[PDB]
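One chain follows as structure tokens, the form solved without adenosine-5'-triphosphate (ATP).
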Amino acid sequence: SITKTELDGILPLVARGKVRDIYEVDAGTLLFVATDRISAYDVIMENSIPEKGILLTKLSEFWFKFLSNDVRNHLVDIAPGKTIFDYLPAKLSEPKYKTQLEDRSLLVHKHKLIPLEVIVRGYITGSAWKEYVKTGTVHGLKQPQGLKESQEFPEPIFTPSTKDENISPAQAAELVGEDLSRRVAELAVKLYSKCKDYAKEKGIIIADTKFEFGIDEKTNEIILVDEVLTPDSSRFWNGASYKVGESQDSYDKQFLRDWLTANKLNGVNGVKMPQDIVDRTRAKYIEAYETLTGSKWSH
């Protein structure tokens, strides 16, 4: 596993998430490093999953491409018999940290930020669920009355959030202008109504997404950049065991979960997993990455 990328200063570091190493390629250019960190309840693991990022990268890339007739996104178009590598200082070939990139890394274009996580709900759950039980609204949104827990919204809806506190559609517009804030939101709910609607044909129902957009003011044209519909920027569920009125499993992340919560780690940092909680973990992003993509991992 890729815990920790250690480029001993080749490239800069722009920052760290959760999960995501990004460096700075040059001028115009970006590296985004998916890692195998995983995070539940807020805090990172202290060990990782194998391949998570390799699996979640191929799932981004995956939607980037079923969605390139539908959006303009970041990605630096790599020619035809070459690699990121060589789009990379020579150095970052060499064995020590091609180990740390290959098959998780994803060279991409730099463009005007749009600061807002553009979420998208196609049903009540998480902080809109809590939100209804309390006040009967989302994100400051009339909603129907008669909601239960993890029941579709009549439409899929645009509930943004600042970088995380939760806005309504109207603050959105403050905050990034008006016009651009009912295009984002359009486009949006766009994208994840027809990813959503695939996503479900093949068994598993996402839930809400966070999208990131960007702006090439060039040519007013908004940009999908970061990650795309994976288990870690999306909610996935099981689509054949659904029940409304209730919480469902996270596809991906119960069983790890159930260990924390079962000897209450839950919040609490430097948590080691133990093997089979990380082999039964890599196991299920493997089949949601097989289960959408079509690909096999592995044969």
The other form holds:
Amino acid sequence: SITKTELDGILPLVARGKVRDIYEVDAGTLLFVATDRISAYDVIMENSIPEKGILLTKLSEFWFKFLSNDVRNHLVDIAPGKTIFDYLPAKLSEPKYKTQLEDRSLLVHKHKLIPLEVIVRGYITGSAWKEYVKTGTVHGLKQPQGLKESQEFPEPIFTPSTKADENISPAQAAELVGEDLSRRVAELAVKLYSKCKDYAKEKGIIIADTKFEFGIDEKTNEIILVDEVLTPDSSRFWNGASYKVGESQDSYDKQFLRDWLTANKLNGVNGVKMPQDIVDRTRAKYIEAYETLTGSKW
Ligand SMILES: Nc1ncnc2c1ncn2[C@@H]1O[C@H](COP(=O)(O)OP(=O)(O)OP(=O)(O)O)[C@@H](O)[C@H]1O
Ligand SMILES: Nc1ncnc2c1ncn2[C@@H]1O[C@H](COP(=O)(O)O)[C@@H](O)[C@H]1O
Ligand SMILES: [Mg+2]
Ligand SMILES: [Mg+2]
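The form deposited with adenosine-5'-triphosphate (ATP) bound is what I need now, so please give it after the form solved without adenosine-5'-triphosphate (ATP).
And the full complex, kicking off with our chain again.
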């Protein structure tokens, strides 16, 4: 398992997120390394879920391919017969480095990002449900009366956010990134979410909502799908089997972890080591999401 990548300065670091380490490959290219870290209640666990980052990378690769005729994406085309390692400095093929990178890394074009978190919600839950119960709105948008918890919205909706996160209205998104650009990302995001939500539902997973990020290629005026796509870290995954309108749903991937944290008053606490049984049960859910959605065997 890979918790924290250690590349000994071979590439400069651009960022470390909750789960991913981002390196600069060259002036036009980044390397996104998904680690096996996991977060709950906005804090990272001390220990890892082995191979989570491989599974999530491969799931993202599946979705990029699934959506290849719908949207351009940031992946660098790896030539036939080659691997990402052929596009990286030779030293990163040495075992001490290759073992940290293989199967969990994506080579991506640097794009100009549209600085907006493009959340699409298919189902009313989370902060959207809380706001709705209080004022009948979601990100300020008036909703029909009588929706029940976890109910499907009449149509999936664009509900933007700004990173720290702040739920904002569509009008505020247009202030931030321009009216026409906000309109284009909203329309595209809803199309992409709906297609993938329908596919996943037929496989038995409900993707209640998802967070996309987009770039813009200004030379072609094309919106580019970037960042994390339709993983349980970027989305709310629910078990289809146990879906019941009018109540909360278990987290597909994190409910075992959340239950254990809650039982021990560890929600939100730093430095927490998960017990082996929690690690194992959580890992098995990632493998099942990967196998069910991609049709591949792990
Ligand atoms: N193709 C792209 N080109 C340039 N930047 C990108 C591209 N795709 C995503 N990014 C940016 O790269 C970074 C991805 O890092 P990552 O999402 O793993 O961590 P984070 O956003 O800092 O924290 P978090 O774990 O909460 O997402 C983000 O700053 C994201 O907006
Ligand atoms: N941009 C990329 N970064 C890292 N791995 C990639 C990338 N593109 C494709 N791959 C991997 O290369 C293999 C062949 O994919 P493809 O190049 O699309 O034919 C797959 O197993 C992918 O996981
Ligand atoms: Mg991010
Ligand atoms: Mg992803």
